[PDB]
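One structure, as C-alpha cells, below. Some questions next.
Left out: one protein chain. Kept in place: all the others.
Which chain is which? They are A, B and C, in the order written, and residues in each are numbered from 1.
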Amino acid sequence: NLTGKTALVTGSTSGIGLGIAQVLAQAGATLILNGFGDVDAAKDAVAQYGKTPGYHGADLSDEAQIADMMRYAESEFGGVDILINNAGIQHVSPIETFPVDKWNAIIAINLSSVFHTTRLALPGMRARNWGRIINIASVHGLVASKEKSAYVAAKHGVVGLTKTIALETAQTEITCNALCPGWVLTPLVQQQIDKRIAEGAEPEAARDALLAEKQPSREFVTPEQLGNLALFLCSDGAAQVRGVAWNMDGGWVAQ
Amino acid sequence: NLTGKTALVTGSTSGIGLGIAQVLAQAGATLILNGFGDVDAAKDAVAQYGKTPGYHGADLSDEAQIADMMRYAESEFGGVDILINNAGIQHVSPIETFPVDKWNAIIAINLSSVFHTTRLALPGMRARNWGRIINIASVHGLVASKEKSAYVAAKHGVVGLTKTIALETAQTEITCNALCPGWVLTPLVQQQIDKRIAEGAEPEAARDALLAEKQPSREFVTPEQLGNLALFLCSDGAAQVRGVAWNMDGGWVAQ
Amino acid sequence: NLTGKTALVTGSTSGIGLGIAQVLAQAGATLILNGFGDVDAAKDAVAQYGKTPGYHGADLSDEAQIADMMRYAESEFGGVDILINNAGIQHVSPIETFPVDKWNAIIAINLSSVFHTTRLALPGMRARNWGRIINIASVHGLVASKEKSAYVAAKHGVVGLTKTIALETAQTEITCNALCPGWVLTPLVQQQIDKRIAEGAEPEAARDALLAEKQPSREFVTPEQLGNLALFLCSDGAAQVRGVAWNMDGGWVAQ
Partner (left out) sequence: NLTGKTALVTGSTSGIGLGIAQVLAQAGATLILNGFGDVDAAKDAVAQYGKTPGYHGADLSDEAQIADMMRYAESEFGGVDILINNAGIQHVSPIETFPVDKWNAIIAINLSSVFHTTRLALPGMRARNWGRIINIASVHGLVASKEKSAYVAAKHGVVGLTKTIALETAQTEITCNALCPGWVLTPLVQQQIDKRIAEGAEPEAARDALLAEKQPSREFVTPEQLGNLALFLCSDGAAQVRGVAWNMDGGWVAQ
C-alpha cells in the first residue's frame, strides 16, 4: 500500500509524530525517525509494524543538521517520498516578557525547519514525480490564543508556507498540505490531566475543565486519528488535495 | 466496515452523489438513493458493489416530500445513520437579471433541503448516539465567483449551517462536516470536454480550457476521490472531525 | 460630504440601523428609513441631524413589497446611491425542534431581502457609475453558535452573496461589502443586561456574564461605532474595499 515509499517523520520519537510514524509503518512504508528522548523505544514501537526504521538526530533549530539529515535520507534510503513535518515546541508567556531566545527557537523549529526540509526533499520528489509533504500545524495556524505569540505566529507561518509550496507543485503528482489538530492526548497533556485528578478532580472533570474553553466535543484527538488522516492524504484518493489546512479539533475553529 | 448502517445520499442518481453512494456501498453500507432520471441504472450501479439500495424520489425543494423520504428511511430501513446532503442546482446570471424563481429554487434545494433532512434525521441519530452528517458544499461555500449569486449564498449558507449543527452535537458520537470540492469530473463535464475534442481540441487542451482560471493543478477532482474522503469521515478515525469545511480543490481556495 | 446622496437603510427604526442612519444623515445624506414600531421617533431622531428622512414600511419577508419600496425610492428620490441592508431577526432553538416557519422567515429577511434590494438598486447605480452596498451581517457570517442554525446560515449566505456582487461590480465605482459585528448594545441586549442586574448581579458583572464566553474585550460594540465604519466604507478612501467581511467584534473571531 505504501510499500517502496520512504517516509520521514520529523520529531517522531514521541507523541503525534510517533503515532503518525507507526501508522505509515503499518501501511508498508519505510520510516526515518527523528527527535530526542527514548530513541530505541521509538524505533522498536515502529519496528513492531514492519521494517525497522532509520534514524537521524538532527536538532531542527540548526540549518546545518537538517542538511546533514536530508543527505542521510538520500544516501541511505534513496530520498524522501513522504515528508511529515511534525516537530515543534511551546512557550506560554505574555509578549512583553516573552524571552527572545524562546521566540527565535520556536520560529526556527516550528516554521523554518519546514522550509529547510521541504527545500531539500523537493528536487528528488520532482525527479520521481511523486511526493507527499504533510505539515502538522495546529488550530493555532488558523486562530489564536493569548500568550502563545511565537507559536501562533510560526503555525500561521506554516499554513501560508504550505499553500505556497502547494501552488508551486500544483501541476505535478506532488501534494503539500497541513493538518491542524486541536488538543491531542500526548504525553504532555496526560500529565496535566492526571495531576488535576491528584488534586481531587474526578477524571471526566479534569478533562473537560482543560477542554471546555476551547474544544466543544470535550474529547481529545488521538495520535492514531491524525495518523489515519495523514495516511488518507498519502493515498491516491487525495491526489487533488493541495494547499489545505484541515482541522481535526472537536469543533474548536467552528466556534 | 459500514455494515448494518444506513446511508441516505440526496441526488444520487448521477454524478458526485452516485459516486459517493457506490463507495459507501462497497464499504458495507446500506444505501438509499434520491434524485431523478434513470433510477434503475443508478440502483444497478450501486448493487454492483453492495446491498441493493433503497430509493425515494422526493423533490428536495418541497419540505413535505423530504419528510416522506425520512418517514420512508425510518419505516423501511430503521432510520438514517449516515446522511449525505449532496444535490445542488445552478444558474449562472448577473444578479440584476437573476430570476426570482431561480434564486428561490436554488436556496430551497441547495440550502433549505439540508436543514430539513438534518432536522428529521437527528433525533434517531441522537437516540442511538451515533451518526454522520456530511454536506457536499463546494469551493463556492468558501470563496465567490461572479454571476453565481444564489449558488454561492446557498453554499456559504450550508457551511455556516454545518458548523452550527456540529456544535449542537459536539458532545455526542454524531459529527457534522462539509466537503468543498473544486471542479469535479461528472458526466456533465465529460460532455463539455468531448464536445470540445469533437471540434479539434486536444484532450489536455480542452481540460486546461475549463480549469486554467480557477484550479491550479488543472486536473479534475473525481466522484471516487470524494467518496473516499466521505468514507474516511465515516471512519472511527474521524470521531473528532467536527464542523469542518474541507476543500478538495486542486489548490483553488489556496489562491 | 455625503450631501446629494440617497441612503436607504433597512430596519432603521430601531437599534443598529437607526444608528447608521443618524451617522449618514449627519454626513449630509438623504435617508430612506424602513422597519416597524415607533416610526416617528426614528424619523425625528434622524431629521435632527439635517435633512428630514423618507420612509417605507415594506415587510422585507415579502418580495413584492421590496419592489414597492425600491420603486418608491426611485420615484421619490431618483434612486439609491447607498444601500445598507441591515434588517434582521433571530430565533434560538436546537435544530430538531426549530420551527420551519422561523427558518423560512429568517432566510427571507436576513438573506433573501439582500438579494432583492441589491438586484433592484444596482441598475440605477450602474447608470450613475457610483454606489455603496453595505450589508450588516454578523460574526455569525464567519463562525457559528449552537441553536442558531437559520441565523448562522443566513449570515454566512449574506457574506457569500456580498463577495459575488462585489466581483460583479469589481470594475465599476460601485463597491459591495459586509460588516460583521459581535455583541452590540441595542435595546434588546440592554434589556438583558438589566435583567441580570435586577437579579442581584452588579452591572459590570452582568455584562461580562453576557460577553465572557464570546467577546474577549468584555465590551459592547455600539451602533455609533458601526455607523462610523459604514461611513468610512462610503468614502473614497474605501474605493478599493470590495467583497469584504470586516469584523468589529471585540476579538470574537480572532479567538
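Just so we're on the same page, a contact is a pair of C-beta atoms (placed from the backbone, for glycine too) under 8 Å apart; a residue touches a chain by one contact, two chains touch by 3 or more.
**Student:** What chains on display are touched by the one that is not shown?
**Tutor:** Result: the unshown chain touches A, B, C.
**Student:** From the list A:77, A:98 or A:130, which touches the chain that is not on show?
**Tutor:** Among A:77, A:98 or A:130, only A:98 touches the chain that is not shown.
**Student:** Give the residue, chosen from B:66, B:114, B:143 or B:166, that touches the chain omitted from the document.
**Tutor:** In the complete complex, the chain left out is touched by residue B:143.
**Student:** Using the document's definition of touch, tell me which of C:102, C:126 or C:218 contacts the absent chain.
**Tutor:** The missing chain is touched by C:218.
**Student:** Tell me which of A:23, A:45, A:69 or A:161 is the one touching the absent chain.
**Tutor:** With A:23, A:45, A:69 or A:161 as choices, the missing chain is touched by A:161.
**Student:** Pick from A:144, A:233 or A:253: which residue touches the chain that isn't shown?
**Tutor:** A:144
**Student:** Touching the absent chain: which residues on chain C qualify?
**Tutor:** On the side of chain C, residues 163, 166-167, 170-171, 182, 216-222, 224-225, 228-229, 232, 235-244, 246-251, 253-255 touch the unshown chain.
**Student:** Could you list which residues of chain A touch the chain missing from the display?
**Tutor:** These residues of chain A touch the chain that is not shown: 63, 94-96, 98, 100, 103-104, 107, 111-112, 115, 118-119, 122-123, 126, 140-141, 143-150, 152-161, 163-168, 243.
**Student:** In the full complex, which residues of chain B touch the absent chain?
**Tutor:** Residues 143-145, 254-255 of chain B touch the chain that is not shown.
Criterion: only the chains that are shown with their structure count from here on.
**Student:** Looking at which chains touch which, would you call it a line, ring, star, complete or other?
**Tutor:** complete
**Student:** Between chain B and chain C, what is the separation of their C-alpha centroids in Å?
**Tutor:** Once rounded, the distance between the two centres reads 32 Å.
**Student:** How many Å are there between the centre of chain A and the centre of chain C, using C-alpha atoms for each centre?
**Tutor:** It comes to 43 Å between the two C-alpha centres.
**Student:** Mark out which residues of chain C touch at least two other chains, giving numbers and ranges.
**Tutor:** 143-145
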